[PDB]
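Given the structure of chain W, go ahead and fit chains R, S, F, V and B with the ligands onto it with the hints provided.
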Amino acid sequence: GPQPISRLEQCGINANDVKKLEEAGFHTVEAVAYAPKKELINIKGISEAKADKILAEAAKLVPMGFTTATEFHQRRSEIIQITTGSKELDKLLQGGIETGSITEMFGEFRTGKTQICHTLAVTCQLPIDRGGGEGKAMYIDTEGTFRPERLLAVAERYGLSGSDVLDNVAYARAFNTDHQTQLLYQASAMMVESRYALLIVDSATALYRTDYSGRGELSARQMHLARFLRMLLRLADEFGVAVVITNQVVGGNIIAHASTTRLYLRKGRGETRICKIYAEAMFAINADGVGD
Amino acid sequence: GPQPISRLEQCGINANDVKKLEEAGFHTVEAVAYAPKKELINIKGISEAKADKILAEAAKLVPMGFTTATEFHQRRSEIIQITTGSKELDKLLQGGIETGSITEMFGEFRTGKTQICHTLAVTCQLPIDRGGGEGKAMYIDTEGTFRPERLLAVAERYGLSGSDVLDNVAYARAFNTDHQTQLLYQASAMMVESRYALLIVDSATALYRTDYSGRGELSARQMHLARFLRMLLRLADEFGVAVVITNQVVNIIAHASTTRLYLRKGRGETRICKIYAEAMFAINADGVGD
Amino acid sequence: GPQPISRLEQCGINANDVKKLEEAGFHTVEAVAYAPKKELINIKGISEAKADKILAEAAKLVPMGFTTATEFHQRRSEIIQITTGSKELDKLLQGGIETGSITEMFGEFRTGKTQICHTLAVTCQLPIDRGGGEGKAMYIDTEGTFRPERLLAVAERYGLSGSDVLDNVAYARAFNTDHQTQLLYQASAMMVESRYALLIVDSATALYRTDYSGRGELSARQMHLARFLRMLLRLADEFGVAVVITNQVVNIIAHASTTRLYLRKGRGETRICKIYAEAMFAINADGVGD
Amino acid sequence: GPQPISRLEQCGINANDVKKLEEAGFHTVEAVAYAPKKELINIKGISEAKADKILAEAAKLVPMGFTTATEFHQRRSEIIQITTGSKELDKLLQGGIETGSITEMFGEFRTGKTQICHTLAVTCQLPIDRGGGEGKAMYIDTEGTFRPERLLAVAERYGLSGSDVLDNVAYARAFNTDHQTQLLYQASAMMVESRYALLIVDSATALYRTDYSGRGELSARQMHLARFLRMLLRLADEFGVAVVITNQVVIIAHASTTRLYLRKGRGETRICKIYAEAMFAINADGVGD
Amino acid sequence: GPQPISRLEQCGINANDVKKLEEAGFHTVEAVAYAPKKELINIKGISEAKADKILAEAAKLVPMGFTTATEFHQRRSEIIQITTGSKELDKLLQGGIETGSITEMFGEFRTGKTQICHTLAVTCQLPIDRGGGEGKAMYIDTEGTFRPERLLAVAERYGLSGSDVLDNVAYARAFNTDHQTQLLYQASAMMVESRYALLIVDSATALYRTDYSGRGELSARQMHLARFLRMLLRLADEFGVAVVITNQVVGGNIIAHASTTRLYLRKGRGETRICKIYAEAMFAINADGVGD
Amino acid sequence: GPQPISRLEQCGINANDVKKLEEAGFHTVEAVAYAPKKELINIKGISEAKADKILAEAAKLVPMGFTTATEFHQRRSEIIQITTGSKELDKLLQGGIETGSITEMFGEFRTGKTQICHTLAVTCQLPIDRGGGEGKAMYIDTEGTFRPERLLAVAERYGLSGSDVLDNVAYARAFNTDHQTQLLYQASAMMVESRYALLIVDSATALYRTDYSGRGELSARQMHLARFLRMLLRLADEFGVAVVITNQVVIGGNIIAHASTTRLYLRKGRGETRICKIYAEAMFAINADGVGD
Ligand SMILES: Nc1ncnc2c1ncn2[C@@H]1O[C@H](COP(=O)(O)OP(=O)(O)O)[C@@H](O)[C@H]1O
Ligand SMILES: Nc1ncnc2c1ncn2[C@@H]1O[C@H](COP(=O)(O)OP(=O)(O)O)[C@@H](O)[C@H]1O
Ligand SMILES: Nc1ncnc2c1ncn2[C@@H]1O[C@H](COP(=O)(O)OP(=O)(O)O)[C@@H](O)[C@H]1O
Ligand SMILES: Nc1ncnc2c1ncn2[C@@H]1O[C@H](COP(=O)(O)OP(=O)(O)O)[C@@H](O)[C@H]1O
Ligand SMILES: Nc1ncnc2c1ncn2[C@@H]1O[C@H](COP(=O)(O)OP(=O)(O)O)[C@@H](O)[C@H]1O
Ligand SMILES: Nc1ncnc2c1ncn2[C@@H]1O[C@H](COP(=O)(O)OP(=O)(O)O)[C@@H](O)[C@H]1O
Ligand SMILES: [Mg+2]
Ligand SMILES: [Mg+2]
Ligand SMILES: [Mg+2]
Ligand SMILES: [Mg+2]
Ligand SMILES: [Mg+2]
Ligand SMILES: [Mg+2]
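Residue numbers (full-length UniProt numbering), protein chains in the order written: chain W, 21 to 270, 288 to 315, 323 to 336; chain R, 21 to 270, 290 to 315, 323 to 336; chain S, 21 to 270, 290 to 315, 323 to 336; chain F, 21 to 270, 291 to 315, 323 to 336; chain V, 21 to 270, 288 to 315, 323 to 336; chain B, 21 to 270, 287 to 315, 323 to 336.
A hint or two may mislead.
The list that follows gives simulated cross-link-like pairs (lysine-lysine, DSS-like), each with its CA atoms no further than 27 Å apart [what the hints assert, rightly or not]:
hint, chain 1, residue 1, chain 2, residue 2
1, B, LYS73, B, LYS40
2, W, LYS64, R, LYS58
3, B, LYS58, V, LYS40
4, S, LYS40, F, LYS304
5, S, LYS304, R, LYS64
6, R, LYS39, S, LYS80
7, V, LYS40, B, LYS57
8, V, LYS57, V, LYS39
9, F, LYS39, V, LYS80
10, F, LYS304, S, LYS64
11, F, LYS313, S, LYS57
12, B, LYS111, B, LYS80
13, F, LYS304, S, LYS57
14, B, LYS80, B, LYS39
Hints listed in this document are in silico derivations from the structure and should not be mistaken for laboratory results.
For reference, chain W alone in the conformation it holds in the complex:
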């Protein structure tokens, strides 16, 4: 799928200019092509002639022209469409979470948004014919709640081995608003080496709340969240990873425009745990992930 920068080297001065793109945040040739000229100019050590040469060579490897809608329909076909463990949720989402798009989640507290993230991180490693995209998840946590013991229980019901499933999953444990951004930098390098399917960013707004209490800092955090969200859209594009964002309610803001699908959750007086497409489906939290 994705094509590394190493292919871009053609009189481009290897190992003196390729890394200047590597620490710039670009890790694939298509990432450079999908990057503006000004994004390459502001990088130190890249001249106007050299930046033009890189973009000219980048456009040669990846196609950025006009394609007919029939070609796009089949490209939008064969989408991985990883499952979610619940039959009703599977029917409601027309096959679960779709790759290449950010799927947000909402809730008040103890609504299962962290819980259904765990059952996704294991089901993304299932083969295509039985749901997920046989990849590896990249769970990122901010409010520390990652419990690998839960992955053992949910992997047991699907017949997967308990050892192999943990090797595929990657953990981040972000601590600051900025540290989330450099995690995506290390994410892009990791996406090239191995096939990945999920980019769970559980509690993607928890950090922004804790260290931006200043009333005059709203304009600062709005742009910071926009850059983080914008970097999520692109990262989903080259690699086709179903980015999942968990957010705290206590509906519609700068995070909404970037998002493709939302799955507002809350409890219920009866039968518990319904979902929305802010359509309703039935799901519940059992010992082994989600159930009916």
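The following block gives chains R, S, F, V and B with the ligands in isolation, referenced to the frame of chain W:
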């Protein structure tokens, strides 16, 4: 050894600046690495270039990148699980107090939340095989209920030396709502000189309730207590220390407590403990175990 | 012991900022340290720079950090531990009333609660070796029952001079609810220059119930009583005075207490007490019996 | 500065040019000398050579060169130090309001800053021996709080004729923001005929808070107030007249040589901080108690 | 007295530039002179040179220079100082309400503020030698309480003819917040045309209270009220009318800086209707205006 | 004719916007003239220039400037002054209910406040010389007490044909709080469709008492009732229609005190002999044929 900040000095670090970072609150290279660039700039006398250099070197002394989930699993199979006595009959906590995470406590009054804090303060200094933390406790009293005689009474139950239990506890009464905050700043300095396995706040809200009695304040009480809790998480993970908070019953103040523990008055001496599982725990003359 | 506020002066603008804090109630450097930035900046005439400076200088004088329990055990040892005049009652409180604690008292009426206060008032003057702390009483009366005739009568029982005994004791005779509040500020002013031991506030709640008119002020009355005891604990802790509260029966006055001495009744003259154990003591013309 | 622009006229000056320069705001040669080439070239009808010759003759009249520190100390020993009556009690300002400087005040409301301005307006007319300035004041009211009856009463306390106290005081209410600058220009014009000793602005920032309501014109207000303060500094420096500015507490930080903060005290007794304290009481006949 | 803009024509172009100032709000030459440059610039159709010419002609027309304090003292004399119908109030106010200054009023309800507004309106028509200033009142009502029969009764008490006292009094009946400002703009015309003495704004804060209930509109209503008060002060200074403002209590805030005097009222219980200069005085509402 | 809004459609009015204003709540040019620019802007689909033009054309068709007190006195000596019945003896209101101004009512229970509401609804139909309103009422029941049989009885007491007294009363029960506001919106058009002389609310606080019960809202009920009363004042002083509001007592000055220019508080006096005093005295009875004893 959780990497003290003295190891960050280089030619450009200008170790006179280490004391400038030390007075800010960051006494650990993990603290500055986990500190955002925003609060490095807010420190007076630190420039944009200086802050970048501090963060750049702090990054290469601690693992700040990704890790495989199987590595994190065995890093969870190292929790101390400090013993408590009679509450963990059939192991409601599955081992004991969760180290590296706050364990908040509730109750109405005369329930026994303060009493097991005394027992927790003597258990954490027991050897690991018996259920201890092999480290010395830390008490931050807030209402003035600290009784060092109780520590001696429970010490003889486990056979530990009476003289060796009092010198281990680091007691500090909090007369103020802000005095709690800078006690934690003084705490991080003390956590690197020796090994502490338990931090206890006798009442995280007693002075917040009485000092902030104004009708208008309300909101001001929130982010002040939020900063108190956000530092408790900061001390919890870069030292691997168990934090116990007791509160009086009858962002938010409910997102930081990894574990909760509500308490009830049963029939007579039969104390009741519940989690928001229930167990029989008592308050004997020599501790909590029945 | 307590350090007078005048020592705080080091470029601190004498008689203009020290005097400004004098009417604020902060008459010792301990009071300044034990007070937040809030009411130091709420005092008119103090800016943010001055408030920070006076707090910084106050911190350097009194210790505010962490101390080992061994230091606190000795500190909580050698307490004055004022006697109560009754040997059976003496051992039941393992030494009688203890300083630094708001020892409340209960009853119905004619229960001896005022009687033992007068006995406790004469005995605060005794030397360490046989009871009291060689200090002066600071009786505060609301429901007028202070009869100095009793003090001279009990003085000859213990063999003390009947003239110097009344010279040491103070007398307030509070009238209004706001009057009780401002006496405590004046109490701290006169506290510094003399060794004081006892702070009887006899009938500390019967004055408020006089002002209790209608149901539309219960919220305000509790808040006023909240900071009345808050000052008392803020006054006993950093001056080491044995505050005694005498309430009448049939987070208010329940949390701030340290000991209670319910005074049920008996067989007419067989007065007894609780620690809400029983102690046998008689009430006669010369104070109360042993 | 008893050195008028009239004496600048010469054979080559073409004294009609003096009148033409007067409208620019310059009425003393000390004003043109202290003004750069920029402030003279922008005046219509003045050529480069004319400005050069004007500045050369101004330099030949007033000296701008260096001076020994002893002479500077001696000339700063000749400060009038207009008295107040209760603020100066216990020698808070070591004499009172000093001439040649801006003495900005503060206050929340009813703190007494207007009343002490009234007291100063009559104390400046005292003979220098008693603590006055031997010059007529100048009141620039903005919020309409001027009351000559209070001036007459306070003059009665100090024992002066009421008619001579009032007719010396000059009054002018300012309605517009630019009206304040025009009033300062007229003040510079009229400062040369008679010896003045005090300039009172009742509330310099009052008109800026109401004329410049919103729509983000903050920068305009900022440099307009900067120009006002620079004009006042130039006036005080060239004429040696004490300048007093009051401000309303809910720029003016670099020009306030002495800064005062008035805040409510106990009853009629009030406290005054030098942003260091004193008891000033506002009586029925002034401030001195 | 006040001088109309029609005298401003010296190559000022009548019916094309004078009318622009008239529709902008200014109706007298001193209104233009007491107005800043930008208040003339922001009006469409007036250039910088035209504004300079208008300001210069106004400045030579009216005197905006320095005046000796003796002249201002004699100008503080001959103030109309209209009476109020109560000898106690007459002595307390040192002659009653004074022209050129807003006299605010406070009260809970049924305190007599509208009643004494009515007696002021009737008594402002008296000749100089016996109280009022032989002018015309302009009672502006927001919460409809204007009762002309009360004016008839009180005028009969004072001996004035009942026909003329109605002929001189003017009524507004404001409905909206902007309607008050438009009413003052229209009131400037009657200021120019005829001699006027009173500008009652009875319940000047009732409309602002009733149509600004939104918690997010406090800044807007404060700015509107500030503009309204500044307009009242400029009108009073221009024409020397005794503006009286009636306010509803249920202490002090931004409104007193523009105000000159306040007459806080209270019920009084025994003998009732006691007032302050927030010094005290006692008045009584008879069937005929105010009395003892 | 209180100037219906349909006359405001000029070349620049875009008569679809006229219907937009009509559904907004304003049905007369007087309503939009007495309307601040703020709420016209908040009407979704009206631009700043369009709102300016609407206000400008509203201003030049209705008088909004100053008027001499003689003109206002003449415009006040034309109140319709609807009669009441038995209270005709010793006129306390100097003729009866004041037109164009709310006449609030009180009483504990069983007093008869609803009965004289029926009598007012029938007397609004009497000719002017007889003391009526020459119009049709609007009873808005909020407690389910409206009974057309009493209307028939009182109509035959004054000798009016029943079919002519029934066809004019516009009954509308309220099940809700916002239903009252919607009813006022609908009544705004009914005012211009035909002449109306009285508006009656059976209990303006009955629904507010039962729909809002929690301690939480309180202020919500407060400004909801404030908006209700403001709408009532606007309709009354725009359309020249008397408004009568009855309330449940068990009391004095509150939000509805400022809005009601007049009161009439009723007591269960000596049996059949009821007593009414304004917040004077008048004794009236409630017979089978209405009020007149
Ligand atoms: N093994 C399990 N069996 C049944 N229910 C569970 C299990 N684990 C968790 N739950 C329930 O699922 C919920 C998960 O909440 P969570 O999603 O972590 O909260 P948040 O959305 O605030 O992060 C808990 O409230 C818990 O009651
Ligand atoms: N020696 C003892 N024997 C039995 N019970 C005790 C003994 N000492 C203390 N307790 C009990 O332990 C409890 C401790 O209460 P504590 O937790 O300190 O109250 P708080 O929660 O208000 O701090 C008391 O209610 C008391 O009944
Ligand atoms: N000299 C005495 N002889 C005998 N009995 C006494 C003497 N003095 C006091 N008493 C008894 O002690 C009681 C004192 O009442 P007291 O408890 O002081 O009232 P309060 O309830 O206000 O404290 C009286 O009931 C009295 O019977
Ligand atoms: N004759 C007097 N006797 C006592 N106090 C007075 C007298 N006249 C004025 N004052 C006091 O002087 C103060 C004047 O306030 P002022 O400085 O005019 O307010 P502002 O600073 O807003 O202009 C008033 O608060 C008043 O209390
Ligand atoms: N003819 C009269 N005789 C005596 N008193 C009257 C007469 N008319 C009105 N009043 C009294 O004067 C007061 C006027 O109140 P008013 O000031 O109009 O209320 P608000 O302050 O709400 O406008 C009423 O309380 C009334 O009692
Ligand atoms: N024919 C009649 N004779 C005597 N009394 C009657 C007659 N008809 C009605 N009433 C009285 O009129 C009263 C009307 O009460 P009403 O005002 O409807 O109560 P509410 O105030 O709850 O609406 C009743 O209490 C009833 O006693
Ligand atoms: Mg969750
Ligand atoms: Mg307890
Ligand atoms: Mg007693
Ligand atoms: Mg003042
Ligand atoms: Mg009134
Ligand atoms: Mg009834």
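Verification of the hints:
1. Between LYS73 of chain B and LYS40 of chain B the CA atoms are separated by roughly 15 Å; this keeps the pair inside 27 Å, and the hint holds.
2. Straight-line distance between C-alpha atoms of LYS64 of chain W and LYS58 of chain R comes to about 24 Å, which keeps the hinted pair within the 27 Å bound.
3. Pair hint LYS58 of chain B plus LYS40 of chain V holds up; C-alpha atoms about 26 Å apart against a cutoff of 27 Å.
4. A hinted pair counts as satisfied when its Cα atoms are at most 27 Å apart, and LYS40 of chain S with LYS304 of chain F qualifies at roughly 14 Å.
5. As the CA atoms of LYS304 of chain S and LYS64 of chain R are separated by approximately 66 Å, the hinted pair breaks the 27 Å bound.
6. For the hint linking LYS39 of chain R to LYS80 of chain S, the alpha-carbon distance of about 19 Å falls within 27 Å, and the restraint holds.
7. About 23 Å separates the Cα atoms of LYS40 of chain V and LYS57 of chain B, which keeps this hinted pair within 27 Å; it holds.
8. Restraint check: the Cα-Cα separation between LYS57 of chain V and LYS39 of chain V comes to about 18 Å, which is no more than 27 Å; the hinted pair holds.
9. A C-alpha spacing of about 19 Å is found between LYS39 of chain F and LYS80 of chain V, which places the hinted pair at or below 27 Å, so the restraint holds.
10. Taking the CA atoms of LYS304 of chain F and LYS64 of chain S, the gap is about 9 Å. The hint holds against a cut of 27 Å.
11. Using a Cα cut-off of 27 Å, the hinted pair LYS313 of chain F and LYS57 of chain S holds, with the two alpha carbons roughly 21 Å apart.
12. Of the supplied pair hints, the one linking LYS111 of chain B and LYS80 of chain B is violated, its CA atoms being roughly 41 Å apart against a limit of 27 Å.
13. Proximity of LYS304 of chain F to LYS57 of chain S is assessed by CA-CA distance (about 22 Å); at most 27 Å being required, the pair is judged to hold.
14. For the hint linking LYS80 of chain B to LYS39 of chain B, the alpha-carbon distance of about 21 Å falls within 27 Å, and the restraint holds.
The earlier numbered hints that this structure contradicts are 5, 12.
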